[PDB]
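With the hints as your guide, set chains o, u, c, k, v, y and a with the ligands onto chain z.
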Amino acid sequence: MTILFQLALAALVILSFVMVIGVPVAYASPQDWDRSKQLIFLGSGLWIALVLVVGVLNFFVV
Amino acid sequence: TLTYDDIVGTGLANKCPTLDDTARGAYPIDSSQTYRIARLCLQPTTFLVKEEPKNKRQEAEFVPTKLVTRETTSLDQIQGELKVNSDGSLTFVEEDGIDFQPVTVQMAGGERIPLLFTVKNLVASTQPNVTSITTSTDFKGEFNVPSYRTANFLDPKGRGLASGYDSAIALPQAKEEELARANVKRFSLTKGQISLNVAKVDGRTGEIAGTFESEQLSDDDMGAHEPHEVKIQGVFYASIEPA
Amino acid sequence: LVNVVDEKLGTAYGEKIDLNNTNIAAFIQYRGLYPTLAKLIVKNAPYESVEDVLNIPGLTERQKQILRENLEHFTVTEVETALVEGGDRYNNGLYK
Amino acid sequence: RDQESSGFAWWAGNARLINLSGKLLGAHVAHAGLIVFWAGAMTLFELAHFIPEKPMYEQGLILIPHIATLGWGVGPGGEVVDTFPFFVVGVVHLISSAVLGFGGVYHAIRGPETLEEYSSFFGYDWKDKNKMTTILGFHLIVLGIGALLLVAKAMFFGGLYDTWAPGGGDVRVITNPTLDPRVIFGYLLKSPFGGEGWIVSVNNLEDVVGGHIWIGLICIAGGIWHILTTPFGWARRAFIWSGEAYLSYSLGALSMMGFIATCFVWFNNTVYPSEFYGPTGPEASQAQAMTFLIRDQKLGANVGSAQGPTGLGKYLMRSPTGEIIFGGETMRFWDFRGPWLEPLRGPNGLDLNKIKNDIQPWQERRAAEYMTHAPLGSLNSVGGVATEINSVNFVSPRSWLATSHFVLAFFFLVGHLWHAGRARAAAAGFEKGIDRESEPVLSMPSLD
Amino acid sequence: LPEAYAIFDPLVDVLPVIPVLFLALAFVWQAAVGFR
Amino acid sequence: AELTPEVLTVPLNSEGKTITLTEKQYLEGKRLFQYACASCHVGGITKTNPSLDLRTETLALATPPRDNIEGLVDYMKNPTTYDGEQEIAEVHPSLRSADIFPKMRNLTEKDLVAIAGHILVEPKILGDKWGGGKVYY
Amino acid sequence: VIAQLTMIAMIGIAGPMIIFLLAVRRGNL
Amino acid sequence: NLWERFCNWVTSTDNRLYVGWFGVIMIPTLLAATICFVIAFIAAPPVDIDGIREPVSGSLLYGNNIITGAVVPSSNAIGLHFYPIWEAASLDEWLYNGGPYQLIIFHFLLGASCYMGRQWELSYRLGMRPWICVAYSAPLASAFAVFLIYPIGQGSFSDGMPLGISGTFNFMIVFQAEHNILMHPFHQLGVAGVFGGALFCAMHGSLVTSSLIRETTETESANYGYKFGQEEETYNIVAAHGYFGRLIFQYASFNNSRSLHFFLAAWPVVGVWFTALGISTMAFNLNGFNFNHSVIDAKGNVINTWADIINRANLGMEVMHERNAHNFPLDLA
Ligand code: CLA
Ligand code: CLA
Ligand code: CLA
Ligand code: CLA
Ligand code: CLA
Ligand code: HEC
Ligand SMILES: CC1=C(/C=C/C(C)=C/C=C/C(C)=C/C=C/C=C(C)/C=C/C=C(C)/C=C/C2=C(C)CCCC2(C)C)C(C)(C)CCC1
Ligand SMILES: CC1=C(/C=C/C(C)=C/C=C/C(C)=C/C=C/C=C(C)/C=C/C=C(C)/C=C/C2=C(C)CCCC2(C)C)C(C)(C)CCC1
Ligand SMILES: CC1=C(/C=C/C(C)=C/C=C/C(C)=C/C=C/C=C(C)/C=C/C=C(C)/C=C/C2=C(C)CCCC2(C)C)C(C)(C)CCC1
Ligand code: OEX
Ligand SMILES: [Cl-]
Ligand SMILES: [Cl-]
Ligand SMILES: [Fe+3]
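Protein chains in written order, with the deposited numbering: chain z, 1 to 62; chain o, 4 to 246; chain u, 9 to 104; chain c, 26 to 473; chain k, 11 to 46; chain v, 1 to 137; chain y, 18 to 46; chain a, 12 to 344.
Don't read these hints as lab results, they were simulated from the structure. Beta carbons: idealized from backbone N, C-alpha and C, even for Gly. If a hint is listed, it holds; no wrong ones were tucked in.
Just a few of them, taken from the derived set where beta-carbon distance is under 7 Å, the chain c residues facing chain u:
| # | residue |
| --- | --- |
| 1 | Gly325 |
| 2 | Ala331 |
| 3 | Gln332 |
Chain c is nowhere near these chain a residues, computed Cβ spacing over 12 Å in every case:
| # | residue |
| --- | --- |
| 4 | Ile78 |
| 5 | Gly80 |
| 6 | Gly178 |
| 7 | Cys212 |
| 8 | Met214 |
| 9 | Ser221 |
| 10 | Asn247 |
| 11 | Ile248 |
| 12 | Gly253 |
| 13 | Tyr254 |
| 14 | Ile259 |
Just chain z, with the same shape it has in the complex:
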């Protein structure tokens, strides 16, 4: 249980750090970005999942 909880929590932090830098760069980006609302939609939907996952796996570890 803890095996999945901390992984999903550590990945949530790492993903966020990518999103924190990635999202504003992708927006202010002239060319190069049909490329990237996929990855915006990628991380976003994946971010919400991890939040719920860690939120659910919280009651099983504490």
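Relative to chain z, chains o, u, c, k, v, y and a with the ligands alone:
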């Protein structure tokens, strides 16, 4: 009946409890029981200050004054011993309670007269043979009037009794012999006379009430000047219960 | 015109603990006096002599033994009004 | 997005967003994100440094006492029984900041520059009196709902922390909220001076819950009103209708609310429980007089007849209206009311007999505790007066909260003056200086 | 904090300062464009 | 001058036994003092009762004597008045009343010794300053 | 203990890094 | 109608002294405060400020001069209670308990607040820019701090600054003892505000005086070289810039007059703002830095600094101020 929140800010807190006009009864005094005054209250309504007539032959007059310290003048929750002297006369020996209030009154001309309205160490007695306390019972007795300020009080130049300077340090080389009365503080202690006349009695509850008239000296400012003779008039309340 | 407090420092008051005048916080200078015995002494004041403190009603035998051991640290002078009024014996307005 | 085209310098660059609804929307939502972010990050911070057995006001906490007042994670006496509700509040606020932060950035640097021709519903014009009152109405309803959330919390979901609870402070469900307008609006008509204290003097949760019920319905009804209506004639001629003008109106409001909050946390010990925020100024001072009355009475002192250096009672004296109060310099604080002192309060104030016989050890503990935790501290957090030596690391939360929100309130008053003055000048057409060639004064008759 | 979240204790002690960095970030971006 | 083993050598009991605390024992011996004592006992005095200080000479004349480690540890467990006639646990922080004084709950037996030692070491350092008051600030 | 300092490092540089990336990419700054 | 005619005269830009709607409130409140102040400063009987029945003389007729004279603050027994004339049993009582002080500061603060708003008003009636009132908010804030905010935090109007020269000093000395205001950054910013203000005042004054274009002769004042209402400047800003730009270095000097005068306005107003907030925040006992016994040697001995010497001074003020008012070891109010 009434709570603190009903009375707060009204001025009723400075007023002594009153008895209804129905209370013209009598309270039996048993010789084999021991009695106490559970609560004594004194509410002054008039401060008369004996002015000082010039210097010739005049009869000293008590002139009216004006209170300037607001409604902070009453003595309350005073308790003590109500003794039954075998002659029948009663005797109240004051023990504890808010038995003092600093009061400042202002005479015509602007002169303010500070005094310590008090009944500390009061021993008031009645007429011989009192089987019951009626609407004719009156208490006569004496009390101690301590100094208005206590020994730790410092004047504007830092002089005092148990503390402070003992000279005028603003005048290093001045002749101290003329400022002796101002440099040397003195703790005063005089007697005061008071008459407690009962006009209302509730024999059931043991509550008595009426008017009083006390005479005492005012502040002498650690002996810096002469005190004024003050006459305080007002109403009182007292509850009597067996020990 | 004499300062009564200064004048009292020229007596035993300035030397030992006056049972009729000295503040109650002075009974801390010696063992087993504060605050139980200290309260009793000041409450049953004044005394004609020092050894009258042994006659306080309700004293246990150990208490009267402690009092005897500190009779040498006690004294009795005339009651000074300026030192007893205002409840100064229980709080004279001095701390640290 | 430069000075030559917008007319504003870089130090006033946010004033370029006046007529750009799109980017301005992103700015406010992003700033909102910053707010919810701090509300969560600080909570997690406070919880991380939190020590259960050690008092809240000794650990420099401001957010946890707020949650605790709502009844979460606390029990009898304000003791912490579960730190988990603190964690949830911190996490939920924090995660939400990412959501507001996402749209805040989107609406700002890639959302439509203007909302007016993306949508007629979201797009607006500052001078459209109908559109503004409508938006005002919507947000009025949102505020009304939030007030009912507090009511729902207090009446349906656990309740609030009642410091006036019988047997000691505890979490209590409010079942009978005060609906009487003579009480609710009675507060609003109270004097702001001593003994009264305006709305700050609210001392029971019943008046609080019942109060938020009133303001809840009022905002909703008012919200519906401004949505269905349009500004009357007398209102159209009185105000300035522009973006900066509306901002100044809100700056004056927040400035006033800032000053009100400053007085609440400093005087009120009901909505700001002393068990969480520490004793108030008046409270601590009254506790010292309480502490030494008890100590001296144990030594055999008659505190009722104890005369002080000035002639006034050393422990007990009278208020100007006659109420029996604590003596000394604390005579100024005789309007203080606290659950640890009221048991000794009678019809005429402090009852000397209750004082002599009925004082309990828990009252003595609380008095000494609040005396030694008076809201007096240096900037570098050294507890006590300025002359105190370094040892105790303490500054009361009340001091931090009162000082911070006074600085903010005053500056926002300056903000009101700045932005309102310019709003007047701009709407009149001389905010950029006097036209050299229609100088109004030169057309005026001389003063002498 | 719960013992499961004791991992991010150093991270928690940093988060509150982040909003202030946004104020400083505005100056970086403005310096980057040369304060237009 | 420096914190020497001769300074950190404090009386242990009522019979002349002695112990020497380490420097670290003294350091957190002060932290714990600032944790649960300094609010009332800052500088060696007593804000809620200035008549009694934490001076060695005062503790010695206390009943029972508190001028040693075991004397102070016993006081932190079961506190009494200056003559020892009454027990004041209900108004003074102790292990006996750790329920109403929650900061006494997690104090180990070892922690009380460090607290007791700090009270004995400080006057050997600050002299009359310890328990002196604002006069010696 | 200096995990302290590692957090403020990545977090603190996260801001300016975006500006640097948008500069070398010549983005909409 | 005669209502708009009244509104026309009130907002008239042709009155010798502009009234305005703010002035409608300003004039009576200032006149009420001034009249009462002048009367009280001369003839008012002693006032029991500390509420300990120890009256303090403040008026001239009762033994004061201009320096020692003061309108003494209201009693501590009153505290923050609103105490108008009709709340006293007599004027004799009203004077004894520091009545006049409350009437003055209340009518004043209101009149002074309207004075600020009045400044905006005339500026709006004249087509000016309106931020003059903003510069006035700094001394106004300072007035609110020592008359209102500090009494609120401390819980008594007796702790408000007395209306007197010596009384002001008394306020300053006691403040330092209990707050260590000197060691507070906001007062330090304030000192930097007024020191810097005086400097920049003398600076801008001397640089413009030095650049005055010769239009007058040896036997007449240079001031007559400027005629009121002229269109051209009376000095050489280029010559001024080249002087000051060489006194230090070029880029440390202002070439823009508008940017120059803004700095002249910004520096003192901001500085006074902080010292105003300083008093306002120290009203809630957030005091200046406490570095007492901060330096310790290896053994544990206290190595004193200048802060420790400052502390010894504060102790002297503390144990002497209001020598009969305190009954308990800690000064909380
Ligand atoms: C709700 C609040 C609010 C809002 C939305 C606005 C909005 C606006 N203001 Mg206004 N203003 C406000 C409050 C507000 N103001 C307040 C309270 C004051 C009084 C202090 C002012 C004073 C003011 C002035 C003087 C001016 C504006 C102007 C403006 C415009 C441009 C702002 C800009 O680009 O700033 C840019 C932002 C900065 C340069 C950053 C300033 C940072 C300050 C100086 C220090 C902050 C320190 C921090 C709190 C603590 C330390 C942090 C760290 C160092 C440790 C814009 C219309 C301008 C205008 O008139 O436009 C038409 C203008 O000249 N405002
Ligand atoms: C509360 C702070 C705040 C906010 C929300 C805004 C918001 C805004 N400002 Mg303003 N500004 C501020 C403070 C703020 N400003 C201050 C303090 C100053 C003084 C230095 C200025 C000076 C200023 C100027 C001079 C201008 C603006 C302009 C703008 C707008 C366009 C910005 C732009 O295109 O940047 C482009 C920048 C980038 C593309 C770089 C990246 C920016 C993003 C937002 C970084 C996000 C980081 C974050 C961690 C991402 C998280 C993502 C996800 C995980 C949630 C925008 C609505 C402009 C305007 O009005 O245009 C019409 C303009 O000219 N501002
Ligand atoms: C409402 C604001 C507020 C308040 C009342 C508090 C109160 C508190 N905080 Mg918190 N804090 C806040 C905001 C606030 N904080 C914010 C916004 C942040 C994010 C940076 C933090 C981050 C933070 C941390 C990290 C910590 C605290 C802690 C504390 C405690 C001690 C504070 C201290 O010692 O400061 C020190 C005092 C100063 C640094 C003085 C700053 C003075 C400023 C610059 C004045 C500015 C005035 C004005 C804006 C100027 C405008 C000028 C312009 C107009 C020209 C205390 C309970 C500590 C604690 O004990 O936590 C448990 C702790 O560790 N806070
Ligand atoms: C202040 C709030 C606010 C407002 C007024 C707008 C307004 C707008 N947004 Mg934006 N947006 C916001 C916040 C806001 N947004 C936030 C926080 C995010 C991040 C999640 C986004 C993300 C976003 C995107 C990605 C897009 C927009 C777009 C739009 C436009 C169309 C919106 C629409 O059709 O909604 C329809 C919505 C509904 C019919 C129902 C919404 C219900 C919400 C989600 C919850 C309601 C419950 C309650 C209010 C929640 C409160 C939460 C909290 C505050 C307590 C419009 C200009 C679009 C645009 O401009 O396209 C060109 C677009 O693509 N927004
Ligand atoms: C956020 C709150 C808010 C805001 C910004 C507005 C804004 C507006 N409302 Mg709305 N309104 C609100 C809430 C709000 N309202 C709510 C909740 C209700 C329901 C009760 C109403 C009911 C309402 C009505 C019935 C009317 C408005 C009207 C107006 C407009 C003119 C307001 C005006 O002239 O005020 C200034 C008010 C005055 C000049 C009158 C004197 C006010 C005195 C001096 C206040 C003294 C306060 C005192 C100092 C402190 C408070 C304590 C105590 C005395 C109460 C304006 C568009 C008017 C309009 O044009 O509607 C189309 C109108 O007739 N509002
Ligand atoms: C940290 C947990 C503490 C230690 C260790 C001690 N105290 Fe206190 N204390 C307080 C008072 C009011 C007194 C005097 C009252 C009385 O004794 O009747 C004391 C006394 C002591 C003593 C006795 C000193 C002597 O006999 O001369 C010791 C050894 C002592 N204390 C140790 C009050 C407070 C207080 C405020 C509620 C706190 C937090 C503490 N004391 C903490 C400690
Ligand atoms: C517009 C603009 C601007 C601004 C911007 C902004 C302001 C933004 C914001 C943004 C934001 C506001 C963001 C936010 C974010 C958030 C986040 C991202 C969060 C996260 C969280 C997390 C991740 C959590 C985690 C955890 C968990 C889950 C549990 C507990 C523990 C932990 C912590 C681990 C500027 C000025 C700069 C410039 C340009 C323009
Ligand atoms: C919740 C709660 C409560 C209640 C509250 C309430 C109920 C409130 C209300 C409030 C309100 C109800 C308020 C109001 C306000 C108002 C205002 C604030 C106004 C203003 C106005 C103005 C500002 C105007 C101005 C002007 C003039 C003067 C003239 C013309 C021009 C102009 C317009 C500018 C209680 C206390 C119970 C308790 C606590 C809680
Ligand atoms: C929640 C969370 C998160 C997020 C975070 C964030 C959102 C952050 C942000 C951050 C940031 C947002 C940062 C920023 C920074 C910035 C800075 C640090 C800046 C600085 C600046 C400066 C330093 C400047 C300087 C200057 C210039 C350049 C101009 C003017 C002059 C001077 C020199 C002043 C993560 C993912 C981690 C995960 C965990 C949780
Ligand atoms: O009144 Mn005027 O000076 Ca304010 O601290 Mn507490 O109270 Mn009294 O002593 Mn310090
Ligand atoms: Cl003084
Ligand atoms: Cl006091
Ligand atoms: Fe000039």
